[PDB]
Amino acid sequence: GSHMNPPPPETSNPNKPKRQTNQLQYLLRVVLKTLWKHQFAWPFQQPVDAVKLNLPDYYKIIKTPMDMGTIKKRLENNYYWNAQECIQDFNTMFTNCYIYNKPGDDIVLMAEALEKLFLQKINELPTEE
């Protein structure tokens, strides 16, 4: 894409230790599956393209970007050591939306619907075995 967008968050690095856990499997098979297919997922399925959206200040304000396309790759390509890393990525994505946008903007309402589903699913995150 454009040189004016930052490189996306890391999704591959052999030096980072990796693990499969039952919790990370739940995050892929239950949490990501649920949110990815939601009617309101589409703004969150890839990094924000601030050039295409004409938001030149986006990456001036958002210095810790995250999106569900990145999270999907991280889950599918076993990037994580634990569930907390992945939950933090979802929380970062939601907070980016809430910080950048006005409350009640359409994307904020969309994020809030996804976050409500996320919370329900994370409250049922299984005990680590």
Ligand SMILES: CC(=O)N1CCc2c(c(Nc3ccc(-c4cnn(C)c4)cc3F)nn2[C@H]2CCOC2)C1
Second form
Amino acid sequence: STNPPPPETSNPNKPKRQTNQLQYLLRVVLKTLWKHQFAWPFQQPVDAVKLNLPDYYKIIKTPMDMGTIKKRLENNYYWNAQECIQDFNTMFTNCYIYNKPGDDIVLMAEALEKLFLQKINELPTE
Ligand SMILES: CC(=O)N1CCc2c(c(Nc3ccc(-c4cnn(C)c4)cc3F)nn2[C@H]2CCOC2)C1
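Structure of the form solved in complex with the ligand (previous: the form solved without the ligand):
Below, the chain from earlier opens the complete complex, with every other chain and molecule after it.
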């Protein structure tokens, strides 16, 4: 099989903005999540060709990864923090549904999700 095209990171039809909340999320990604011990499976779109994962894109129809999220944040793709939070939720859920409960990679995703949720709790005023 082949890889699908990656998710879009810009779109001329979608309103764009830079906000304090979105800049906070970008900081969290660059300073903490990207550099995390468990970031490695989540930094780029899953390369099903390189990893020879024939089932991945049969199962995952809404792929999402931190490389895409980071690029969206850098490109002001989002209108609000909730849109970005939704992409993280998609990323974590994808891991949970492709893999099996208790798998090492699932425990990694759970740890990163826990940390992300702590960071969301500290999302600034505006
Ligand atoms: C997020 C998710 O659910 N995935 C589905 C399962 C999966 C994923 C990766 N990812 C991955 C693997 C290796 C490397 C790597 C090794 N060396 N270098 C330079 C890079 C990078 C990766 F991102 N492995 N696996 C499986 C394959 C065997 O056991 C885990 C993604």
